[PDB]
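The chain that follows stands alone, in the form deposited in one PDB entry, written as structure tokens.
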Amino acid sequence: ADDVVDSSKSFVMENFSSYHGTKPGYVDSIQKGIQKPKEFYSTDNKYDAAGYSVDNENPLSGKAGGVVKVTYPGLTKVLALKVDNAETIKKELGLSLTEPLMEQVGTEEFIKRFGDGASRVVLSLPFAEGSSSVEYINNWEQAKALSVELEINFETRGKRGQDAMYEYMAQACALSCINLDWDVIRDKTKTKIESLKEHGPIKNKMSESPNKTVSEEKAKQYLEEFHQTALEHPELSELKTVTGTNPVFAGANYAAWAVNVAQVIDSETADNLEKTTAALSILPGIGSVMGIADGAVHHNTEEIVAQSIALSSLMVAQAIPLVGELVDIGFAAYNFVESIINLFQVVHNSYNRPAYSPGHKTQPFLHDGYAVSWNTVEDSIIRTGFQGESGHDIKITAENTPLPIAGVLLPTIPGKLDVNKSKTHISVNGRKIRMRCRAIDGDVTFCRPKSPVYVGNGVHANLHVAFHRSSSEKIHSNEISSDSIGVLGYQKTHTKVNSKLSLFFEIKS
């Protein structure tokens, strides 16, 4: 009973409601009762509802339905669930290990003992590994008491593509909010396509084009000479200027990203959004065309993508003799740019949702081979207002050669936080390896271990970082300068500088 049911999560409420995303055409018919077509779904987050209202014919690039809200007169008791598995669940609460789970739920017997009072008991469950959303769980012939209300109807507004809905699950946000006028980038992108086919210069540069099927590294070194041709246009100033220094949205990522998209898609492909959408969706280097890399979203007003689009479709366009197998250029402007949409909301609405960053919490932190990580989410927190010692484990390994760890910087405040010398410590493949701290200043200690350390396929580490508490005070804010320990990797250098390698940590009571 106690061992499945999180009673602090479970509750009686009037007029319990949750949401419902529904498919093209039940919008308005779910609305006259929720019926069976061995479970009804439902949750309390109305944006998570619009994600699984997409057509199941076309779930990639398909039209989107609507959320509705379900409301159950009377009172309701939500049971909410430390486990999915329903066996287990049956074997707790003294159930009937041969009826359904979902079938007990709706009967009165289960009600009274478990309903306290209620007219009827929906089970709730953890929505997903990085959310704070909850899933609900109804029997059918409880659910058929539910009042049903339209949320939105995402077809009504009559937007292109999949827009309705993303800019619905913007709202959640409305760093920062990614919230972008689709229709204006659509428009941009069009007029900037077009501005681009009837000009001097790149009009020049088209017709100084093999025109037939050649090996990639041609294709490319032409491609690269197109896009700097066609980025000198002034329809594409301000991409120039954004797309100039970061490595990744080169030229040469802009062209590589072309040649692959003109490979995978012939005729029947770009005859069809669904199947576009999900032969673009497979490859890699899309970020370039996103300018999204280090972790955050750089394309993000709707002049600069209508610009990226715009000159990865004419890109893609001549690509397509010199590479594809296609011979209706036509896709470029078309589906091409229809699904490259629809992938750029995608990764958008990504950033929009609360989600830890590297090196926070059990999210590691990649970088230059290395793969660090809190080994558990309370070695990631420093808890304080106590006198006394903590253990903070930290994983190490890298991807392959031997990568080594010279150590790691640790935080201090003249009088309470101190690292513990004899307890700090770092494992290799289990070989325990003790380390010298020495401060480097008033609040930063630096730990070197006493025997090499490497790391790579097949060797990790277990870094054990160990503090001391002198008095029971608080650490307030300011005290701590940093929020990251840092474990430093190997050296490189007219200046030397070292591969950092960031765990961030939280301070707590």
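Between two forms, the rigid core is the largest collection of C-alphas that superpose within 1.5 Å. Residue numbers count along the first chain shown, from 1. Compared with the form deposited in another entry:
- Among the candidates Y72, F365, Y222, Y168, displacement between the two forms reaches 2 angstroms at the C-alpha for one position only, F365 (superposition on the rigid core).
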Second form
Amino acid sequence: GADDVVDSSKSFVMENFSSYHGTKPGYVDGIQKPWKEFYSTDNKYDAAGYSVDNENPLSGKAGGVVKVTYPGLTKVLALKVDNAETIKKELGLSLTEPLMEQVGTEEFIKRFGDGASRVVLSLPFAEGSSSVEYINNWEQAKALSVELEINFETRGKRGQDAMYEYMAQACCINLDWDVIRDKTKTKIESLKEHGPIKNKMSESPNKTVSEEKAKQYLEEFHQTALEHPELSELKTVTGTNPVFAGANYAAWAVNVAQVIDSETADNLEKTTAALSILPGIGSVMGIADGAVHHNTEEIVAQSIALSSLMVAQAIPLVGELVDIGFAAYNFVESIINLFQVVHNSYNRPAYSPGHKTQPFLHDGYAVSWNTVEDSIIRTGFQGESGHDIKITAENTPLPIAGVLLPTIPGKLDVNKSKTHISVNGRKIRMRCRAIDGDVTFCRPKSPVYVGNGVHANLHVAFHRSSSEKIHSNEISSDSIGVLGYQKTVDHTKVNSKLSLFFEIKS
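Previous: the form deposited in one PDB entry; requested now: the form deposited in another entry:
FYI, this one's just the chain on its own, none of its partners or other molecules.
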């Protein structure tokens, strides 16, 4: 009955029920459908995650957050599961028409409304989160009044700075990114005017050389720069952890120079996509052993300045770019974004690192099925299923490029709206495309890193279009392929891959 699917401990009627909604750029200049449902949440800071430009999700401008209020009485109906078939079954609804259309009917409101004008559904927001998500009917949502909470397009704020500084209120790392940006330019100029740095630059081959020669030179560049008095703070931190050594630092800058071509360099979104899948970012960001070591505006600016100049030096040696301009422009802008992402994770409670089944370990990552049942993909019914996978990493921030998922035409499709990754409770949706008729690749809409203290739940959601059973000879994929960082070996690109094998059953 109702009781198997409604959580009565979280259900109630409120007058002037209010929640938060993240708005896309341009909106701030009521509520109207552009998603077959209007989503809101009790958490103004997580709302900020619905707000980035759908066309440039990693790097593009964030819009804002509004508070939306229904006048009169609203029933909040908390659900114990998010499976549409189960809900329709046990609430005794039509098993055919969409759940959210039915939720908007006179009859549903009378049956479940408890005297309210409308019903909103409530679900848990994500693994690792204590937030609530509300699901609203579009037509009903037209009654909402709307008040501005924050506009991230506010003049004077440069990147996604306004969004991340707002989100940092949740918390703690609370840096002024305007100060960092100003200080970064200042530090670059100081390094460029420094006699020893000028001397070191003139020692550059300044032409294509071996990766070994490049690294040797860049290591010396790193050491010379750390002796500048304006990098004294970064010098002190650098000596406290082997992650921050010149050799590791040099290795980041080489890898950057190797992957940035001119098409990439001239686009911030592409630059951010490329940088976000590289290993070894903890060496530059000062992150190791479960803590942010580069934790002031001074140290951050000093490391970004130095990495900028080191990328500039690396490009002639191992890169394919004619200009050095990338190093000062899109490189800095993109890396600032990555710092903000990782800080945001470290400002949140660590999702449990405890694998519930024996983990598979590879390349510093560990992955496991949440439960046996998660590893089973059932067949021979129409409808949805959800499957949880825990992802940790041992030490520095390691990226998750995305996930490779099986598909079978009309028997197993990825539900692109419910599939997501939650990093310390930050819920990040996915963009998914077919590699072919058998495999879909899903990439996070914000950069994902895991590391010590930053752990994730990957939630894969499938939809079945028909009631016929998947046949043994239809199974291309034995596994879900989680994709980690990309390494450039010879000149070829290899992704870290961690596979979890599943079983098809009736």
